[PDB]
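Using the hints provided, position chain B relative to the given structure of chain A.
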Amino acid sequence: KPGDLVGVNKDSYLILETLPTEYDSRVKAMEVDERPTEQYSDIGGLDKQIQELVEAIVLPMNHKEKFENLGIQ
Amino acid sequence: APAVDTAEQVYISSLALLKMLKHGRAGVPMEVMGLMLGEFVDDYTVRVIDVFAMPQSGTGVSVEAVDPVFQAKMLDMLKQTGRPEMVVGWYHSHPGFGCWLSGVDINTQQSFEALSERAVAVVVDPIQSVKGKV
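Going line by line, the protein sequences match chains A and B.
For the first sequence, the UniProt record's numbering assigns the number 149 to the initial residue and increments by one for each residue that follows.
For the second sequence, the UniProt record's numbering assigns the number 22 to the initial residue and increments by one for each residue that follows.
Next up, chain B with everything else stripped away, as it sits in the complex:
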């Protein structure tokens, strides 16, 4: 009877991590966001093949910024390239405090959860990372 719907440990590839570090680093002190594209297989592994940023937020990681329209637009293109991948989750940077979401950001996070349960939220701190896994 019960289902799964658990957060599995996220396997981040080498290119995707670099894209997150680079996105954040330019992006801060301004709160910024972008999407994570990958494939999820099994019920243990989600692999984050690639990311790209879907238009960066202003003040807060605003609910205005989450856009199904941009998400839809980008997704059909991928199909034509012959790399169709699904949104595995999304990432955002906070320089405010390490590993923290803003108030606005939790509301924004909920739109992604409705789309897929395996939507994850990654907080990147470029200010406080000098090993870049930290």
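So that you can see chain A by itself, here it is in the shape it has in the complex:
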């Protein structure tokens, strides 16, 4: 299957064996910077911009069920 590392014979080129899928440790470390939380209490400025952003990302993730029912993107 795709994304799987394989062994190829050195002497005559045929795929002999399989090896574990490669992942990257570096990506895992980068993840979850949510702590400490930023909130809107040490990040801010530009009152309108912050409001539109809350409307575009934050609310549709919680309020997800409704969108499906209404039929609207």
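If you're looking for bench data, these hints aren't it; they were derived computationally from the structure.
Hints may contain errors.
[As the list claims (entries may be wrong)] With beta-carbon atoms standing in for the labels, derived distance ranges:
id, chain 1, residue 1, chain 2, residue 2, range
1, B, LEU99, A, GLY151, 46 to 54 Å
2, A, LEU164, B, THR102, 34 to 42 Å
3, A, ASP181, B, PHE118, 54 to 62 Å
[Unchecked claim] Just some of the chain A residues that point at chain B, by a computed CB distance under 8 Å:
id, residue
4, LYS158
5, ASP159
6, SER160
In this text, a Cβ means the ideal position worked out from N, Cα and C, and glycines have one as well.
This is chain B only, laid out in the frame that chain A set:
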């Protein structure tokens, strides 16, 4: 007091040579090996009546590949056919360089020497033979 234990000039019959050329040719770039069966008479003549290949090696002509078990298994069969012959030596192919043994291959060669002193090692190059004695 001294003994013989010399390498005598090897008399290769027409069928055995063809079997070596064919074994090698399919067998390369992979290093491969097989055994030589014949009769040795006198102290000057070894005749190589026939050969067959005893399972072909992977990377190198490995010491794993030399197998007394396979050698034993094949040898008892021959007796039942009414052609009992002895292992005169063994052959191998190297495409690496003409007339050369690999590092692994010298260790492998030693198992055959212990069995019989008149064990010989034939290097076949199918890449570089276009007269087939060359």
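Hints violated by the structure (numbers, ascending)
Of the numbered hints given earlier, the structure breaks none, since each of them holds.
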